[PDB]
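Using the sequences and the accompanying hints, generate a full structural model.
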Amino acid sequence: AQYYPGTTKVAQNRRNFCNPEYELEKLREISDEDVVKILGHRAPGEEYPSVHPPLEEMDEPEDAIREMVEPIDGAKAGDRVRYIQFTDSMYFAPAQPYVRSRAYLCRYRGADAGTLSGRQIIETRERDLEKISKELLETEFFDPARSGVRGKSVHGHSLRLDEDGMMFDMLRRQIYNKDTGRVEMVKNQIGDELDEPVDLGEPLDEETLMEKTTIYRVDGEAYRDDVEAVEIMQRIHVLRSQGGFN
Amino acid sequence: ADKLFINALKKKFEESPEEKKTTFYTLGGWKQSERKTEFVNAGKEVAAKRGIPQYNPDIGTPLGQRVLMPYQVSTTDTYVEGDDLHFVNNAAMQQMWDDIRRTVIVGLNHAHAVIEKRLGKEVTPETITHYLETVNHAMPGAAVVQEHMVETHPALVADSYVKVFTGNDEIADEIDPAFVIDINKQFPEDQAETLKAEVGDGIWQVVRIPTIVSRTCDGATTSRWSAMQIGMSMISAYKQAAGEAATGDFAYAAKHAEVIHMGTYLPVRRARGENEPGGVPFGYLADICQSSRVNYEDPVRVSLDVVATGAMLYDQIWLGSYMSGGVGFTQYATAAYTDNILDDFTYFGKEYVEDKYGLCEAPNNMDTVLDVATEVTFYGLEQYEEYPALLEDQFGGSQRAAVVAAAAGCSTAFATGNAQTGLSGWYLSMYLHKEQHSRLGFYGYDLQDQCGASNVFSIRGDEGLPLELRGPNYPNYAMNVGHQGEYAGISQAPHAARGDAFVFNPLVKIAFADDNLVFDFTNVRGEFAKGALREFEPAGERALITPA
Amino acid sequence: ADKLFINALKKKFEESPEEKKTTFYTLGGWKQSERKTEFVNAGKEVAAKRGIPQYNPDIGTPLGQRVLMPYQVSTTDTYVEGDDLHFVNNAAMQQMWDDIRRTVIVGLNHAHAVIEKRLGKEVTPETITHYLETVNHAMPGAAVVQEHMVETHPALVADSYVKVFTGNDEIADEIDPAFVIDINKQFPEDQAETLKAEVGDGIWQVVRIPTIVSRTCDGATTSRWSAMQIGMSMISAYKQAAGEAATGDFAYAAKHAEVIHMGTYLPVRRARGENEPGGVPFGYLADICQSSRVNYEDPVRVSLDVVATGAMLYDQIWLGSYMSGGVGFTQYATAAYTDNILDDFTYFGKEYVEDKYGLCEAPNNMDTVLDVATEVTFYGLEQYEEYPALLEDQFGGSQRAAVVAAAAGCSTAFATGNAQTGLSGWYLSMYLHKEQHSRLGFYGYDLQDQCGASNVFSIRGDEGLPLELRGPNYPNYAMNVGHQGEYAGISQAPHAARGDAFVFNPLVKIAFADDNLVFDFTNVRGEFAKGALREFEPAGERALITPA
Amino acid sequence: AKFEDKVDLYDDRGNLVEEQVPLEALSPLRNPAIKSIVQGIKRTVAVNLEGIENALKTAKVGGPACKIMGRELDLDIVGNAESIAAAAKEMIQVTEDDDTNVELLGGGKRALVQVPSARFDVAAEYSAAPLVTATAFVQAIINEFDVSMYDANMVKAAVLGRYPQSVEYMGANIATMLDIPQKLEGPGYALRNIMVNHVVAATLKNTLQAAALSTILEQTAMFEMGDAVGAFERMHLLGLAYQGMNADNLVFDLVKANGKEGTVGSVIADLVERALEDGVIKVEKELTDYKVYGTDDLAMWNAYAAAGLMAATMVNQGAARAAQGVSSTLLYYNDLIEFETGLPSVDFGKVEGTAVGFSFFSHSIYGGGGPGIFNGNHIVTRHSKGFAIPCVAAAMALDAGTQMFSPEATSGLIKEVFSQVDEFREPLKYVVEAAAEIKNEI
Amino acid sequence: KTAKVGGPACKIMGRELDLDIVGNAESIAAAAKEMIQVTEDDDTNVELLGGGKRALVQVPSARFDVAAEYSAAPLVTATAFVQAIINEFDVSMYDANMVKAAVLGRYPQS
Ligand code: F43
Ligand SMILES: C[C@@H](OP(=O)(O)O)[C@H](NC(=O)CCCCCCS)C(=O)O
Ligand SMILES: O=S(=O)(O)CCS
Ligand SMILES: O=S(=O)(O)CCS
Ligand SMILES: [Mg+2]
Ligand SMILES: [Mg+2]
Ligand SMILES: [Mg+2]
Ligand SMILES: [Mg+2]
Ligand SMILES: [Mg+2]
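Protein chains in written order, with the entry's author numbering: chain C, 2 to 247; chain A, 2 to 549; chain a, 2 to 549; chain B, 2 to 443; chain b, 58 to 167.
Hints are computed from structural coordinates only; laboratory data are not their basis.
Derived coverage of chain A by chain C (criterion: at least 3 residues anywhere in the stretch with Cβ under 8 Å from a Cβ of chain C; other residues may be distant): (1) 369-380; (2) 423-430; (3) 440-448.
The C-beta atom is built at its ideal place from N, Cα and C for all residues, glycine as well.
Now the structure itself:
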């Protein structure tokens, strides 16, 4: 597959995020337990709540499609559907809202992905969400200064940075340690305080941000200069218009 | 010269608009705001008085971790906090809607035929003036025939009256000028001649029922109220029996046959009668706005005054209350009429078109759309990239998409003289925007925008329509903020560039060229500012009948 | 003892009520009237200020060739000119409608299931109380989640709030009592036990949105505004994602699945959304009126308080404005709640039934109808024949037909305990009246009355319906004055005689047993009088955001 | 035939049934089984006798929480259902041995009622079914128990609710798949105002049968609306064949190839591959490391794209066994395919647009709800002309129990009564067989 | 010709189209009939009156067999005549929406 047109680094980065063959760079290590605490849906050690029985106990009807589509583990178990949501700064965060949604539905099974300007969300079965959330937090999808995990009060994607280069956050869920240059998450994604903060590592430097970002900007790579990408968008507009008429 | 939005950005923030970094969290939350402070103290008093907790700054998340910005009302030097632009807090925005809701246009052409042919009486300017004197007594709620009638208090209903207009200059001069909307006095000469040619010898009434009745009742009341007092005034002035068969022809004429509603009724999911905001087509809204007869030398100003009229009505009152409610959609709308941002983007596009093509001289085809809409879209987006303060000003993507696309679409229509290609440019702007920043608007912002390109030029049943005829009930458009008011501006744009006297209905255009309205439809944005400063005096209050 | 209407008649006229002769034409026309004089002067000021003539006593025929009567508001000693009972001139009758229009009932039973089953969280009285504190901040128009929100002025929306009720006393007592409608405190013990059994363990919200919003917008706004702020408060109080899939269940529940509108939408010819007067069935109106829980020892008083509620809303505001307008239908309505006339006729009928059958003990059949309805009809008409002043008081035939038939119909229902036989007696009364005096009402008064007999007991698609379920949209009833409010009384009558706590919906009955309402639904006729004296303070004014 | 196209027809297990069938043998205007389904939907009514009886016993009539004290009637309706049903049938039928049908279910608790076709030959629309059924059962009940003139109006209220004070049958104890004509968003929309949950209920959650019935109803509505007339007729017929009838086994195969490990992106890759091989699309132009695809037949590209869209729904939501993500699949399948190919998405953007609002109004405070309460007449999901709603049906069919407003919550009476009609429960079998039987008459 | 579309007194200046529809009525009617019919010998009927100023259209019974109600008649007729007029004069994509408005009015805003 080709995923996306264009000849900028931005276009290539958009392609890499979507490409399931492309190995996302791992930048940090987060414990399984700390993923659960960030998500905030259950306590580590707690059993997964269920919304319906396991599929094996349901005896569901003869249906060639059901037989042919393997459910994800959480669906077999009857897990709740829960979520993780990210806000990405327009100042060169690596991932961006439509990039995320496009990439999730190329990479992950059983995904409900939504895109907004200030938030991007994925809802799926609880135990599968935890495996996905680790990769979304450990890899280049995430920078702890220009990206944030926020289930509410998402304001920030369009705001100026603070003096440390951190994105604004109403609820100050992620804190830059000026004396050590590392970001700690001190609350879960809905804003409740954590017993012990989680280390998220060092912010990427601006040079690396520019190299990895998927946003076009005049002070990075401008969309108007990626003429092959622009041409394809104008083409879709023209063909949609003609199709609708005749 | 500086961009038009720079002054506003300098008054909002201590930093210079180009700076990328600021400080948060040390402003004191809501205490930074005079208006929020007023609200906190009022909430304590309300709670104490009624015995039920109410507004409380400690519920939910703490407002004001960033600067709570003032907003410049575009074309003015008035700066106000955004709460002063909420329709609930702004009596000028409420009166604008009341003045539309309580208005209907009713012909006298069938009525006069019934008189002459069925009753065998004569109609002369003298009998018309007598009828108009009678109906201006009757229309606010006063009696002309029966004994022992009880009546409305004239001071509570002082805003209700009836005027006429006609394209026949000779009849107009015979009628007492207190009752006449003088097309020659209210419109420039070229526009007046077009309008008079449309109206011809027809004679039309502009009826305004009382605000206090409109607020007590609904929009579907207006044409009924109007028809009953027209009927009594016809009985009285032309000496019919007070209730004979012919009386029924007048009722059918005034309620159905020669009535122009401001809005048409809506289907059941969003059930509403006539003269509600959802029934008002974009062409009508542009014609209600009177900027076109005062600012005709500047087609940007005319178009953006229409955007302001529609953004407020359609997003704040219609979508933000009639169809949802609560805190609502103030800033989805104010993005279109504050800080001179849309004006900058659209003046740029007008200069682009005028230099490359000349206004209205571009080919009306898709080549012109791809050119103008792309160039203006890239210009607008670049301003947010060069000025971090601007991006923090219009912080929601929906807001930015509406402003950029409005500039692109209006500019495209300035080039082609045709609103349908302007509409195509609106949608192309959306697609480019979405790919440039990998975001667009809220979760459901671009439902109509993805449907958009294919439905611009469609001809199928519930798809095809010229933009001027579309409105808030056009299927794709029925749900979402950040589009409807901007579409009204695109509808106005080619007609402003061409110098047309009206967009869609000349009777509507003339009916609001009336200095006895409460809201000043020639200066919509100035009126919003006056209401924000709490200096607008609405009609329909009940102070006269309540205790001190 | 005299007839209850004698004092009123002695105050209106200088002659004795039995005298057949008087003198006319010497009274000064309008100058006899302090109110008409106020109107004449106000019309001069208005015309001078705006430059268009308005109220003018010399247009049409000269009012006041006969005596312009004061009216006694029944059950009070207040006497006012009829102009003071026009809904435009009476802030109390405007607020009574606003308090209905702005109210909706919304269950919490589905919402709590979503929390426990879909989100897997717990619901307790503590989380309910926290939710109620949050929604009473949010519902008038204030924010709980997003940054940089602009909000409604708390003092402009002080009349908006949310309360709950439940049939489970122990749950009720654990919720903060500021938020609770206490069934045991508001209702007598026998009624409270009936009501608590109907509600059971369900928990229901009573939502009142701001009067200022209801007047700017329409009745169909209420359930939407309610749902938006319920949704925001559920997000905040129960720690959902601020917009996940589960959020949608709360919207559907609040907007459709457990919502009780006061009125249902109307068909296209009289197009209107929910919570407009035409959609309110007679049984709901009787249950909105709160006379049943204070005056339960006097079924006549309970039934006639409902008549007054309905005659005002249905004839004066709905039929006289929404469906027509102008001078309107004040006295078509006041005939049913002034001068203690209807009270005299209905007390006569209750005593006749008490003595002959005993309340609710008559056979529910045509024999009882022919007996009670005939006797009370003849009593009522004889009063007009024995007292010429009474006939000059209720001078229109329609007025008289509605009052006599209301007494006959209510009295019949007192006897049978069934509203349907009461309705049959209403129509029989009309037939006897018509033959006795060779007149009935206005030109179109008895459309429904001639169709009436055959449709009381019909079972066909658009004919058959128990009276309690009928309303202003029942086909025969959709157009004409002098019926709808009286039918509401007939619906109440058998249930007041039986001692029933409610007529048709127990949640509606409970929802208006609330001291924080602006209008006092326990004493509707006292409130009308208070408004007539200009002593009523309504909500929704804009004095705070307008100039001195 | 007007079109040269032919399609291979398969059954719901992936087996061939008939080869090279003219496209118009699947047309609502020609296929007799579609005619049977549409007329059956018009004329079929479910009556809830247990509910009528309980409403009368408690005088709970006229809508939620409503009750008239003193009007209670204790009648043994379920215990006399056979006699009531027979009296009703004589009133409903036009002649002895016509196509009237009245069957009792659940021991007299429910009744399936199919009003004779002759009544609709002299009717303008479809309300004769509930209204004739309602009055026949009201009269039969009154006659069975000698209900008095004074009491009979409560039986009316128990059957048809608050009508006519309400415009709808508010509180009624009868049910249809169609809603009243006043609630149409526009003329010609009636077959679209059928709730997705109703479709899933009638087909007992068989994914391909729910997709088929939904597609039949949506695309038949497009003829009534005039959308499938003239230049657009072929597009709509191809969408019906490929998206809803598993033409050429394309949907089945895409799901087979991607069901164990697939994502939306992997279904897209396979579809593009198959479209290239079958000649539907061709390389038109080369950019830098990117091929721009073109097509000489947009209607066929649309149909192929729409079949992949179905498969992607089946794969994504089938994996989660959770319907909610169908709004995401409908959006990003189309968004991804456009930047994968340079060609327009299904319905030229209208499915993507429908999915945007459908996502918002199924994950926000402002309205809508869960997927099963939507339909082609809903303001949110009316914009695509037949290509979105069948995917919602398929996704709800695959939902294992994640919805609060499930078909069991909203459509129990439909499940129990309408699933009994063979053509409603397995429409794919009957439409395909009828197409083979007429293949040489087209 | 006047751009008077969408209701009483409505007009869109600059959208005027001058097409000789009445003078080509026979060809337009024939093209529309081909779109309205289901088969070549069904009960479709299209007849010109007043010398092409008016047309009597009877949509085939078969379309109502598989329809819920009766709106197929105006809707199928309107689109066939809209398409037939566009095809007769090769009306452009940019102008065709005015033909739609002239045939069916302000629908679906109204
Ligand atoms: C709960 C929702 C989901 C939903 O259905 N509506 C919400 C909330 C709602 C509430 C918020 C009031 C409150 O805070 O109590 C209101 C005011 C509607 C109401 N009920 O009166 C609203 N949004 Ni929202 N909402 C808006 C917007 C936004 C932007 C904000 C992004 C950012 O970076 O700040 C995003 C969507 C997106 O990312 O594009 C957004 C989301 C959301 N919007 C998220 C909450 C976001 C969060 O947790 O912070 N709206 C805007 O983009 C600007 C206009 C602003 C509207 C208020 C006004 O017009 O003045 C407000 C409009
Ligand atoms: C969708 C529909 O809601 P329902 O699904 O019918 O509950 C519709 N609301 C809306 O369109 C909300 C529009 C205003 C809020 C969203 C602005 S983007 C309405 O209330 O009639
Ligand atoms: O967050 S949502 O896009 O659902 C609503 C924005 S106001
Ligand atoms: O005279 S009429 O009966 O038509 C009207 C009475 S208000
Ligand atoms: Mg690890
Ligand atoms: Mg002024
Ligand atoms: Mg006697
Ligand atoms: Mg009090
Ligand atoms: Mg095979």
